[PDB]
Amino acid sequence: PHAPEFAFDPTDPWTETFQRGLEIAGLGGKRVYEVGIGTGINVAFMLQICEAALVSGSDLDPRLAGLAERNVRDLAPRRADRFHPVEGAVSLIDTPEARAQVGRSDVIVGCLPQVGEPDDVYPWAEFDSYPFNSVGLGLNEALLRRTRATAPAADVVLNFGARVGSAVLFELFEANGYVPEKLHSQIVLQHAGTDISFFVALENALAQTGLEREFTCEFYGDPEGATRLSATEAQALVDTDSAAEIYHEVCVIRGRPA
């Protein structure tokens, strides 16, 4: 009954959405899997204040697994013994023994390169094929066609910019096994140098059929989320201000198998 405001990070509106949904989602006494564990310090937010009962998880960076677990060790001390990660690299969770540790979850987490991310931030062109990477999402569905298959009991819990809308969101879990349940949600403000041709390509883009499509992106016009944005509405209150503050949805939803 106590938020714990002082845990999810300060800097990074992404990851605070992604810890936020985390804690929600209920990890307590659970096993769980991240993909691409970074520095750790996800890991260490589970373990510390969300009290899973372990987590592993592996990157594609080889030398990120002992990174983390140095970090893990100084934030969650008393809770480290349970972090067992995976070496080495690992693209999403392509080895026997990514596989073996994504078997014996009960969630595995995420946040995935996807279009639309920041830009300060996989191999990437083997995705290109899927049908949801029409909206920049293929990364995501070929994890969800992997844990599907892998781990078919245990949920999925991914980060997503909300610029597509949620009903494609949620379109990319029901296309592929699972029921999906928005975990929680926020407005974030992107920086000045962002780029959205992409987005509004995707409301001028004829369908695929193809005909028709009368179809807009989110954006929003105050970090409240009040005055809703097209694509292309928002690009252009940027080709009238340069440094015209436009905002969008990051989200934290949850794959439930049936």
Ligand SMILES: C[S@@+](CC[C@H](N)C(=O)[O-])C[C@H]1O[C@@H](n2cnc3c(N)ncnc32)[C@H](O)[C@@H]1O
The other form holds:
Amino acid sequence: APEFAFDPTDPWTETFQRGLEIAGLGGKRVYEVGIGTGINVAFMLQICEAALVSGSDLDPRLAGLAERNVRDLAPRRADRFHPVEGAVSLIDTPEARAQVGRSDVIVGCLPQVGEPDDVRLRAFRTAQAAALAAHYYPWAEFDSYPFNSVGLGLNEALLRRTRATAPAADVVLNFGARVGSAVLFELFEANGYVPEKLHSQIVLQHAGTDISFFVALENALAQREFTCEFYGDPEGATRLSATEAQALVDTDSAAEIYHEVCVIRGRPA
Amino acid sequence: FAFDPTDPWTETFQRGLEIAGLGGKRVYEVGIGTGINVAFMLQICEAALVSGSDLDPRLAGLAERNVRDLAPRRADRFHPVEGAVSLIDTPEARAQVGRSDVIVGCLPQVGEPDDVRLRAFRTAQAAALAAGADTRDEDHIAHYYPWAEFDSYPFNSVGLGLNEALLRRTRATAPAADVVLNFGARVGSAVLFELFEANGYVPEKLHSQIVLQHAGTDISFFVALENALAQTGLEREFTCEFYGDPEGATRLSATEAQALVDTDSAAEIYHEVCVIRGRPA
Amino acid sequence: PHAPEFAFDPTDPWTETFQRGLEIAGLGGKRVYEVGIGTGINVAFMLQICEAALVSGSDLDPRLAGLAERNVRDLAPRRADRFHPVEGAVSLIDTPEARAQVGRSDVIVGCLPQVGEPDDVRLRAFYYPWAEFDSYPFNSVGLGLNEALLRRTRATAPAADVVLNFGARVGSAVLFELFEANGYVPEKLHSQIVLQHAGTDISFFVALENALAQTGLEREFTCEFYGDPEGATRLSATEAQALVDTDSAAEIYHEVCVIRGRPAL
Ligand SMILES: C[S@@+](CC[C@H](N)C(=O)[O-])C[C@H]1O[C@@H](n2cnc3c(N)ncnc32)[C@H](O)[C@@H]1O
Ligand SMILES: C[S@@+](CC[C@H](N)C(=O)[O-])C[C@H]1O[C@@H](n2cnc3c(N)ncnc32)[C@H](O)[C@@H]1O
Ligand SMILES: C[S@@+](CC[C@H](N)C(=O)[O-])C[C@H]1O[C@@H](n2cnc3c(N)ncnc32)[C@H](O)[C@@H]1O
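With the form deposited without ligand SAM in hand, show me what the form deposited with ligand SAM bound looks like.
Below is the whole assembly, all chains and molecules, this chain first.
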């Protein structure tokens, strides 16, 4: 796969697309939870050579626009994109579940604590500008889930559904990794899946990003000590806890703070 | 057959069961009590077979007599499981649940009517009197009705730990069976649906009714839900579903609801009760 | 068929309880996997006393599989050929090798870390993964690591029994719910009253008694301690701390018990 194809403006999407390539979707039927404006669908179809891509989104206008972008960005593969229409939260319509049940791989880069602070505004404008062009939501809470203790409730809710509807399907998801890979792997093991980390990158966190959640979390987990994972350099050589990274920023407003993003595949037994 | 407008929670449950499509099915009810729902499911719903159990060991025998009177024709077709059965936690109960197409229940939950235990007490001793026994006041279950072991459940945070506990058991023991449960909906329909989705079931709301909550009902539990933080310690949006009118047109938060009763202690406050069927994939 | 009293561990009442439950479990002729093999004594016990057909297992520390192998060979030479440990640093069963073995096992067994374990077990002299299991619903009673194992055993070996050793200060209703919440029908195979080491911290259990329910909201809950060794006189966790306060050397007891979780099935 060539370098040009991975999103060059958003490291999270880039991390997610380099992992989808490594996942090996060629000839498979894939389902994307949260297609948005379909750029990832175009990528999976044109670059990963997926046989069939379906998907849905919470906002029901996006399916229309995803199709449009796919026709424009992957015209020779566009006929293989069959979105599920409607306002679909996770996979919660009969239509969505039917297609999920027929999928080999379910993929998603889903809301989570630690996501870029501007991702919602971005997503919203993105819609509009395409929704002709040529406010919700509402991004739910999923507070009941055990792994919402580390900000991953929505991702756990999806795994509960995937296991039930498509028990033999892989599930490939993108994650901020400040809580560490043991926690990330536990999310999958708790829910019937063997995790494999397909890919990871050190990414720059936007200036002014609030990391108070991660500082509080690592205070709560000490008894060996648990520490959140941040980095002081883009090579990820200088390690920092949430507390040290916040301390750095308290001093120098312009301090560069880095963290990992990584794609993990869950595979059932 | 009258519905008894005195007990809207039960009326909602039974209307839901009628809609669940139990005809020719084999049903297990968790918490049979004196068997009124059993008789309803046999006589009105036309279930092929009904079984069930109760935490109070004295109720299966009493329920057995009672359905005989209530539904003399099809009073067999009812085979209760004996003993003090919590949820379905005996080998006889599990064996019957494994053979059932549908498990139904109107189970203890935060937000249940405050007079629910007194009503069950009175219903049992009424039943024992119709059966011809002049008994002592031994128609009340004592400690057990435990809550502690259900406290760890994710959905215990919204008062439904016991219901989630049941879903863990029904999925394992009868992976193909529907589970049809009655709920007070003060915590919201979306939360009630997540209870099923989180545990392997696709929920469908069979029936719902707006019901008036008793004047002295404390609702600070639901107010606290609206002020609590997420598990993350970050602020959370959470709005409970109350209403101001018996048609359910005026919506009210728990905070809003508690304001009115602070203003006018006599104010009427309503909420939804709904029957939700969980269906496995 | 004499009771093999000689064979049970005389040194550790927790291990003694485990082994007594393991003989009651009926492992004869079966394929058994032990999480946390340690030195291998339990394996030797299961081979030589329980007549397991085959035994495998793993430990978090990769230098212990070899040591276990050594002691199984020295303690059960004529059965040690039935021991096939999984090498490597294996947390729970989280390698492909471990997983393949578990999937072929009739029974998974373990005496796993948990809040309330003796303070000295940690020391070796021969946890540590822990934070990742903080989110489990039963970590509220200090059993999150055990809950994590039950999530894996159900998925990897949905037909296998799981036999686990437990301190029962939180009481048997809670211990049984850990299994019922996770797809297993529990059965208490064996239990004993043990003496907790003078000076053991039970702040955790006192906190459980003074806690508002998750709701929450009132919660009436009492831990199970004992004042004697026959478990005749009951004590709450608060009452037990109170005594340790009155006496530095007050003797405090609690139950240890072995529970088998059987899928249903
Ligand atoms: C902006 S992305 C999530 C952020 C993530 N950190 C990232 O960079 O990819 C959100 C997309 O997923 C969709 N989405 C959000 N919540 C969803 C849900 N619960 N179910 C399905 N789609 C959802 C949104 O409509 C939007 O198209
Ligand atoms: C307690 S009521 C609840 C009724 C429901 N809230 C309503 O308002 O209509 C239902 C029956 O369940 C029984 N019950 C209570 N706890 C139980 C448990 N853990 N397992 C089984 N049955 C139980 C009670 O004896 C009673 O007979
Ligand atoms: C802490 S000791 C057992 C504590 C237990 N409560 C007791 O009283 O015996 C755990 C044994 O299992 C192993 N072990 C500890 N944590 C483990 C883990 N996360 N996965 C697999 N084995 C583990 C250790 O090497 C040790 O051999």
